[PDB]
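Trainee: Residues per chain, in single letters:
Protein chains: 2
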Amino acid sequence: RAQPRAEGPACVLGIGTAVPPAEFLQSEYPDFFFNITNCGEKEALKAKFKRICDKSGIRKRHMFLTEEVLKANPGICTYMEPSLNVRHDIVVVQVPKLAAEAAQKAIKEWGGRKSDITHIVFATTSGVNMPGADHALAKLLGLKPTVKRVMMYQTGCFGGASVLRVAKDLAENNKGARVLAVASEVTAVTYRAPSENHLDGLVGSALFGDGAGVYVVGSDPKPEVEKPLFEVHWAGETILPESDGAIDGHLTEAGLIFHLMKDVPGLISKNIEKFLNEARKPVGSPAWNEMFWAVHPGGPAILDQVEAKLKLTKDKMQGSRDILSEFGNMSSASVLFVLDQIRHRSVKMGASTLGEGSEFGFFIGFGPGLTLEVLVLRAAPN
Amino acid sequence: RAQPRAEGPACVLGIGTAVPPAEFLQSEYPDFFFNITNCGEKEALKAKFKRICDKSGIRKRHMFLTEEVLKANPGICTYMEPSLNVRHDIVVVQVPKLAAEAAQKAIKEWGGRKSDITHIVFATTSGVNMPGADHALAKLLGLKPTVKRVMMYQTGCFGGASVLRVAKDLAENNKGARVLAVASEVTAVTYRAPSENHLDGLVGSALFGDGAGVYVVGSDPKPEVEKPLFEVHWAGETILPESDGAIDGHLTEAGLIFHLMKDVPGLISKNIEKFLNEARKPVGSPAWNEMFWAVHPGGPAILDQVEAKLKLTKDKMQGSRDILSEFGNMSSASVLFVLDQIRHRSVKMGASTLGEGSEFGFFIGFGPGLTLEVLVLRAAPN
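Chains A and B, in that order, are what the protein sequence lines are.
Just so you know, the first sequence maps onto residues 14 to 395 in the UniProt record's numbering.
Just so you know, the second sequence maps onto residues 14 to 395 in the UniProt record's numbering.
Derived by calculation from the structure, the hints in this document are not laboratory data.
Be careful, since some hints might not be right.
The list treats identical chains as interchangeable, and a pair is accepted whether it falls inside one copy or across any two copies.
[Said to hold, decoys possible] Only pairs whose alpha carbons sit at most 27 Å apart, straight line, appear in this in silico DSSO-like list of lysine-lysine: (1) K188 / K327; (2) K283 / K324; (3) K324 / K55; (4) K329 / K61; (5) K157 / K275; (6) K73 / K188; (7) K84 / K283; (8) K283 / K188; (9) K55 / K118; (10) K322 / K110; (11) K294 / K110; (12) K324 / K110; (13) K235 / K322; (14) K324 / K152; (15) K73 / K59.
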C-alpha cells in the first residue's frame, strides 16, 4: 500500500453553508419571477405557478441572480434561447466563489489549516468547465499544489448524496485526506422563463434556489481540535422500477432543462419507499420513527407521501420542510443544508443528538432515472 | 463499517478497447477533414495543418463521425455555431454503446458474470447528460439495480488517469466491488472546423481521435478465474508553477473548445518533469530507464522533450507513439489504449512483464491548468 488509507468512517468535521446575500420571498417570488423574465401576462400559467408555489412549503429563496445580475446577463431570462456561454461564465466566477465562502466557514468551524486540504469533491448541476471549478476552489483558498480533485459535473438532485458517498470513499482510502465535499449550486443554467409546455420546469422554478454547501469530510479527526458532526455509514443506489425518462436533464445550448416526460412528484413519491425499506438493514433496522430524515426537499408531494407511506411523526421530517421554506430546493446543496438545519434545530431545542434525538438518519437524494442515492448517517451527540 | 472494506490494490482484471469500425488514415486525414467541413479552399491554414499532421506521428484514427454520420448530422461540421444539442444526442447513445462493446470485451476477458458489476466510473470530456451515460451503460449491460455510478464529466486529457484513480478508491473501499472504469471518448462535441484564430484547434483536430477504453477494476481478483493485468500503486496531482490558462476548455453552445493562451505542447513538455521527479519516490525509483511509459500521447512535442530531458531510450516510450500512430489522441481513453498497447507489445515480443520488462510505469495524464495526473502501475508478468 504505497498510499496509506484511513482507518475510520467518513465524518463531517465542518459544515459551511453559504448563500448569496440577495434573498427572495416565495410570497412575492411568483410576481418577481414573472416580471423579470417579461413573461407575466400568461395569467392561467401564472395562476398555476401560484398554486405550485403556495403548495410548495417554500417561504424564502437565496439566489445570486438578484436583479443586477439578471439584467446584466439577459440570456438567462429567455426560454429556449442558446445561453450556455453567459450562464457558464456566471457559474465559473461564482460557483467557486460561493464554494470558497462556504469552505472558509467550514474551515473556521473545522479549525484546521487550509494547507491540510488534499481533496476536493465537487458536484455542480449548474455549469461545466475543464479548467475546473474544483481547481478554481483549490486556487482561491490556496490549499496546496498537491490537491487531488474529483469533479462530479451535472449530478442531479442526488448530487449532494453523490458527493457525500464519493468523498466518503476518498477520505476512507487516503490517510490524513481532508476532502472538501462541495455541492455548490447556482441556479443560472437551470433558471429559465416560465413555459406551459414544461411543467417540470415550473416545479423547478418554484423550487430551485442557489446555495453552496461545503463539508470538510475526513476520517479519524484530531481529538480536541477537529469535531465530527455526522458519520456517514452507508451509501447505495437503485434504479427503481418503471423509471423510464421520469426526469430528463439535457444540458442544451439553452442550459439545463428538466424535461417533463412524467409526473415527477407523484412518481418519485410513490417510488421512494422501495429502496428505503432495505437500505436501513446494515444499521440494525431501528424503528422508522427513531430516525431523522435528511431528505432532499424535492417538493411537498414527496414529503407528504413519504410520511403517509411510512406513518412518521410530523416532527420527523420537519428539518427538510424548514430548509424548503428558508431556501427551497438547492439541488445537490439542498440535502447538505437539510443536514445543517437538522443540527441547528438540535442545538436550538437542546436535543440529545445532532439529529433531533435520532441516532441515525436518511441522507436521501433522488434524480433522473429514479436512482435512490441513500446514505445512513449517525448524528454526533449534542 | 457497515459497507464492507476491500483489501489489496486496485487491479485491471480486463481491458476492453472498442473503436468504431470507421477508419481515417492521417496520410489522407487532412484532405478528408478539410473537405468534409468545407474548409479545403485555404492555403496557409491547410499547409499548417499538413505540417502539424505529418509532425504528429499519427497514421490512422478511428471515429464514429464517419461520412454518413457527419453528413446526416450537420452543425458539427461548422465553427462557432451552437450545436451542443445534437452532439449531445449523438453522445448519449454512442458513448454508452461504445462503452458497452468495450465493457463486453473487458468482461469476456474478465470472465466474471455481468451481474457482479456494482460500480461504474465514467469519464467523458465529450458530452453531458443528467440521466447519465453511467446509467445508460448500467442498463445496456443489464447489471444489478444496486449499481453505484460515479460520473466524471469534462475531465480532460487526464480523464483516463482520473478514472483510474477514482475507480481505484472505489474498488479499494467496497468489498467485492467490480468497477467498470470507463473512459469512452467520442469526439463529437470537440470536433470542429479549422480556424486560423483557434490554432490549438488545429492541434486538437490533428490529434483528437474517437475511442472507448473500459477497465474492469477491482480488488482481490478471484484466482484461476480473474487475472490482473496492471495494479495501480499511486495517484497524485499538482498544478505546476507556470500554469495559467495554458489549456482552457469551455463547453459553450458550440461544444468543447480548447482555447489557447500559451504554447500547450511546449508548456506541458517543459512542465512534466516537475511532478515526474517526485511521483517516483513512492515506488522507490527502480530506474528512470527501467520504467515503461503509459504517457498520454498529447503530441510528439511532449514525447520528444520528455525523452530529451529525462534521457530515455527510444524503445521506452514506443507504446505511446504506437497508440498515437494507430488511434491518435483519444483524450481520456488514450492512456487506457496506451496501456493496452503496452500489454500487446509485451505479449507479442515475449517480454518478461506486461510492461516490456519494466516492473513499474507512469500512467501520465495532463490537462487544463497543467494538472499532472500521475499513476504508478505494476505490470503483470508475461
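Trainee: Evaluate each hint against the coordinates.
Mentor: Here is how each hint holds up against the structure:
1. Neither within a single protomer nor between protomers do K188 and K327 lie at most 27 Å apart by alpha-carbon distance, with minima of 41 Å and 38 Å respectively.
2. With identical chains, the CA atoms of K283 and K324 are at most 27 Å apart within one copy only, with a shortest distance of 14 Å there and 64 Å across copies.
3. For a Cα distance limit of 27 Å, the shortest separation of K324 from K55 qualifies neither inside one copy, at 40 Å, nor across copies, at 71 Å.
4. Taking CA atoms no more than 27 Å apart as the test, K329 paired with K61 passes in neither setting, with 30 Å inside one copy and 67 Å between copies.
5. For the identical chains of this complex, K157 and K275 are inter-copy neighbours only, at 23 Å across copies versus 46 Å inside a copy, given an alpha-carbon limit of 27 Å.
6. Taking the closest pair of Cα atoms, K73 and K188 never come within 27 Å of each other, the shortest separation being 41 Å inside a single copy and 44 Å across copies.
7. Proximity of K84 to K283 under the C-alpha cut-off of 27 Å is found in neither arrangement, the shortest distances being 40 Å within a copy and 44 Å between copies.
8. In this homomeric assembly, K283 and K188 never come within 27 Å of each other (Cα to Cα): the closest approach is 41 Å inside a single copy and 31 Å across copies.
9. For the homomeric pair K55 and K118, neither the shortest alpha-carbon distance inside one copy (42 Å) nor that between copies (55 Å) is at most 27 Å.
10. In this assembly of identical chains, the alpha carbons of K322 and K110 never lie at most 27 Å apart, being 41 Å within a copy and 38 Å across copies at closest.
11. Proximity of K294 to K110 under the C-alpha cut-off of 27 Å is found in neither arrangement, the shortest distances being 40 Å within a copy and 35 Å between copies.
12. In this assembly of identical chains, the alpha carbons of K324 and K110 never lie at most 27 Å apart, being 41 Å within a copy and 43 Å across copies at closest.
13. Neither within a single protomer nor between protomers do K235 and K322 lie at most 27 Å apart by alpha-carbon distance, with minima of 42 Å and 43 Å respectively.
14. For the homomeric pair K324 and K152, neither the shortest alpha-carbon distance inside one copy (48 Å) nor that between copies (33 Å) is at most 27 Å.
15. In this assembly of identical chains, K73 and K59 lie within 27 Å of each other by CA distance solely inside one copy; the values are 19 Å within and 57 Å between copies.
Of the numbered hints given earlier, the model fails hints 1, 3, 4, 6, 7, 8, 9, 10, 11, 12, 13 and 14; all others are met.
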